[PDB]
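*Asks:* Given next are the chains, with one letter for each unit.
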Amino acid sequence: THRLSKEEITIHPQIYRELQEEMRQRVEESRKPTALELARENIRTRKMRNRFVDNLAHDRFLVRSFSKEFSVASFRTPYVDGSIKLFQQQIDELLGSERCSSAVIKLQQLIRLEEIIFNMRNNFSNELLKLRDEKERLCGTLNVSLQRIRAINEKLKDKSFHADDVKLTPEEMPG
Amino acid sequence: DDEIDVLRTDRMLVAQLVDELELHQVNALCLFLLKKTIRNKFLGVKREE
Amino acid sequence: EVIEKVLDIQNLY
Amino acid sequence: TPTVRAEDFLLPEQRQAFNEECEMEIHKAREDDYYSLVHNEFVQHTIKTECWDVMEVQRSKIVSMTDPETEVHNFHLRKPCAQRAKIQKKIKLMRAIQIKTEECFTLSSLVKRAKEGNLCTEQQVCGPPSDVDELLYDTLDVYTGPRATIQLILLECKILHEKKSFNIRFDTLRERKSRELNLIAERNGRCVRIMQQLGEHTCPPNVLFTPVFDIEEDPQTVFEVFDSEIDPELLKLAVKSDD
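Chains as they are written, first to last, in UniProt numbering: chain Y, 833 to 934, 1066 to 1138; chain B, 1023 to 1071; chain A, 1218 to 1230; chain X, 683 to 925.
If you are wondering where the hints come from, they were derived from the structure by calculation, not from laboratory data.
Once the Cα atoms are required to be at most 25 Å apart in a straight line, the calculated BS3-like pairs of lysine-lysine come out as:
no., chain 1, residue 1, chain 2, residue 2
1, Y, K864, X, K918
2, Y, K879, X, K918
3, X, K922, Y, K864
4, B, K1063, Y, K900
5, A, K1222, B, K1058
6, Y, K879, X, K761
7, X, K730, X, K845
8, Y, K900, Y, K1098
9, X, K774, X, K846
10, X, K768, X, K846
11, X, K710, Y, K838
12, Y, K1069, Y, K917
13, A, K1222, B, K1068
14, X, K743, Y, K879
15, B, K1057, A, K1222
Reference excerpt, derived from the structure (chain A facing chain B, CB under 8 Å, subset only):
no., residue
16, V1219
17, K1222
18, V1223
19, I1226
20, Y1230
Cβ atoms here follow ideal geometry from the backbone N, Cα and C, with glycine treated the same way.
Sequences and hints are given; from them, build the entire structure.
*Replies:* Spelled out as C-alpha cells, the structure:
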C-alpha cells in the first residue's frame, strides 16, 4: 500500500536510459525476422486492394425489412479524389490550350455533379445505417420479448404457435 | 491503338443505352409503392373520420 | 384520388 | 569506465525483471508478428474469393502502347445463380410463345404511330443485332408488374449481348496485339543484338518499341508481393537470408 510498484523501483534515469537502449536492441532483434514478412504480406494485400477495393467510402451491405418482403443493397461509395483530380486535369488541358493560344466550367460542373452525387448517396447511406442501428436495438428488444412469448406458450403448452426471435441476415452484415 | 480508342468510344456508345434499364426498374418500383400507399393513406383518412 | 391515382399510374407507365 | 556498465549499477531483482520483461516482449512480438502475417494471408484469400472467384467473367484489361495509363476492360459478370440460366432459357422460349399468343388487354388502340426526327440525344448499339433487338415489347402494353419484370430480363439479355459482342471484339483485339507484341519483342531483341554488334550499345529506350504490359492488364500480376516495394532497410535484412 506504500511501496514503489514494479516500474518505480527501477534504476537511476541515465543508467535506466542505457537499459532502454539495450531494451530497444533486443526488441528490434525480435522485430527483425518476424516484422519483415509482415511488410511483404501487406504489399500483396494492399496491391490486390489497389485494383479491387482500396477505395470504398461506404459498404454495399443489404437492407431487409423485418417482414423481409424485400431486399435492397446499400451503396459501395468510392473515394472520388482521383476522379475529381482527373476532371481538373481535363480543366488543366483546356487551360493549357488557352495559355498556348496567346468547357472548363463544364468540367467544374462535372466536378460538383460528382460531389453532389457523392454526398446525396452518402446521406442515403447514413440513413440506411441509422435504420440498421434502430434495427439491431429493436432486434434485442424483440429477442427478449419473443423469449417471454415462448415461455408463455410452453406455460400454455402452446408450442402450437410461439413467436420466435428474428435477427438481421448476414446479407445485412457482410462485416 | 486506333482500334483500342475506337473501342473505348464504342464503350460509351453501348453504355448510353444502359441508362434506360434501371429507369424501368424504378418504374415498377414506384407502381409497387403506389398500390399500397393508396390503401395506407385511405385507411388513415378512414380512422380520422 | 385513390381511383384516379391508380388510373394515372396505369396510363403514365 | 567502459568495463563498468548500467548492468553493474543494477540490483539483481531489477536485472531479472528487465531480462524477463524484454524476453516476454521478444516472444510476444515474434508471435504477434506471426499472427499479423497469418491474418494477412487470410485476408488475401478472402479478397481473392469474394472479388475474383465470385466473378464469372474476370476483369481482364487492355492498355494501348502509346497510352500506358489508359485501360480497357471486358465487362464484369458474377457466377450465375441458377435462376439466371433457368430464367434465360425458359423465358426466351416462352417469350417466343408470348409473341405468338396475343392474349392480354391492350391499351395501344388509342395511339397511332407517328414520326419524330431526332427525339432524345442520340444513342446507338454496337456489333451484330441481339435476339432482344427482335424481342422487345411494345410501348403501351407494359403496365403490369410481371410484364415489367419480363421487360427487365429482356433488357438484361440485351445487356448480355452488348457485353459479349463488345468483349469478343475486345478479346480479338487482345489476340491481335498479342501476336504483334510477340513479334515486336522478337524484333526488339534482333535490333538490340544488331546494335551491340555494330558497337552502338547506348540504344535509347525510344528506339525499341514500348512493351506496355500494364500489370493490371493481367490482373493476377497485381496480386504479388513486389519486393521493390519492401522498405530498403527490410531489404537489407532480407539479403542476409540464404534462400
